[PDB]
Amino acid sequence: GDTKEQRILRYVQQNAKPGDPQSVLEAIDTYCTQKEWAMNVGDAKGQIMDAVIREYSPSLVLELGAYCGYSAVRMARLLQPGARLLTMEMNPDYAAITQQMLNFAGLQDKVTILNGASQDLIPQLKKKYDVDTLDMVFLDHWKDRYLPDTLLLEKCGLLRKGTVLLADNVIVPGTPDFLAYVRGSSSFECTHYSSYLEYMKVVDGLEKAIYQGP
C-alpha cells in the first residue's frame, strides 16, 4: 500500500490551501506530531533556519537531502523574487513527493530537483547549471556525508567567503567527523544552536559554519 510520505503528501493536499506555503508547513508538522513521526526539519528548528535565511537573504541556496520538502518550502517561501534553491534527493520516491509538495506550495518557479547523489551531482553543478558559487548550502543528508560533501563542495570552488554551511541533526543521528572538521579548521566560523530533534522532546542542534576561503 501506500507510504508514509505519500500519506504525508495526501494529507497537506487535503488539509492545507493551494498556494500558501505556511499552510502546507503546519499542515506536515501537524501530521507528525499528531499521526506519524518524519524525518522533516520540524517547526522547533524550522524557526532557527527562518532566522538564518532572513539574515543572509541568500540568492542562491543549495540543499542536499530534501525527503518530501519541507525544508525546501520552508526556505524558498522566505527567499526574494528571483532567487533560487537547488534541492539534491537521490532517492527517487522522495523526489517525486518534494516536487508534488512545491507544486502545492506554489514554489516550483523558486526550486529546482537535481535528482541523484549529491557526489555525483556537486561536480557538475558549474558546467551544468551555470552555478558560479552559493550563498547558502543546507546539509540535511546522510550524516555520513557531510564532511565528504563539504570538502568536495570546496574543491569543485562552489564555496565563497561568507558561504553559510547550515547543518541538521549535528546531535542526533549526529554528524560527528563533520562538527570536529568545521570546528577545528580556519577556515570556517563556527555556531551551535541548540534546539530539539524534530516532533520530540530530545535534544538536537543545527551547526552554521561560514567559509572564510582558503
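Numbering follows the first chain given and starts at 1. Whichever C-alpha set is largest while still superposing within 1.5 Å between the two forms counts as the rigid core. Compared with the form deposited in another entry:
- With the rigid core aligned between these two forms, only one of 16, 197, 206, 9 has a CA shift of 2 Å or more: 206.
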Contents of the next structure:
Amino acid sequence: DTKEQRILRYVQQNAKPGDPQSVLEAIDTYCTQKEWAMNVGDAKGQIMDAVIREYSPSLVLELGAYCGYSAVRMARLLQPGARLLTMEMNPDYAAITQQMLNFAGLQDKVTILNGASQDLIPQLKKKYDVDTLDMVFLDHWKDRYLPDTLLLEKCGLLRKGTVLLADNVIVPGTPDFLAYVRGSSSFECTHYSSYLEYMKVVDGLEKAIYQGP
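Return one more block: the form deposited in another entry, after the form deposited in one PDB entry shown previously.
Chain alone follows, minus partners and molecules.
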C-alpha cells in the first residue's frame, strides 16, 4: 500500500467516526510519530482556524487536497449552508480525501473537484454555481500560487474582501507569489509566522566495533 492508504487506515482504526477533531488528531499523531507527510499540520492549522472564525466564509476554495487534512480542518468550522470546494489533480489522493471527509462526517459540506486547478478554475462559476469566493486556501505545487491567483482574478472569482491564505510562503517558499501580493495595491497582506509541521526527524549514530579480519 501507499503512505496515504496507511494514513487513512490509521484514521479508520483510531479516530472516532463523525468527529472531525478526532480525525485531525489521528493524522497529526501518525505523521508526527511514524511518517512525515505534507499536511499543513496542527500549528499552522490553529492559525487557519482563527482566520476562518474571524471571517466566517460561506464559500471557500482549496487548492490541493492531498489526504483531506486541511479540508477537514476548514469544513468543521463552517456555518450551516456554507461550502468548501477542493481541487486535487491526483486521483489516488482525491480518493483518500473523499474517504477522510466521509469518515469525519463532513461529506455534505465539501465537494472534491478532480483535476488541475488551471483547468478547473475557469469552470467554477458555471459548473459549481459560484459567484465570488469568500476565501481561498493555497497549498498546491508552489509554482502555481501566482498563476492561479491571476487566473482567479481573470475569471472574476475575487471580490473586495476575498481572503487568500497561502501555506509555505517561507519553506519550501513561494517567492514570486509573495513578492507579487506584497507589492500589489490590489492585496493587503499579513504574515503569520509558524513552523513546518512533522519536523521531529529521527536519526541516529551507529557504533561499529572492529573485531578483526
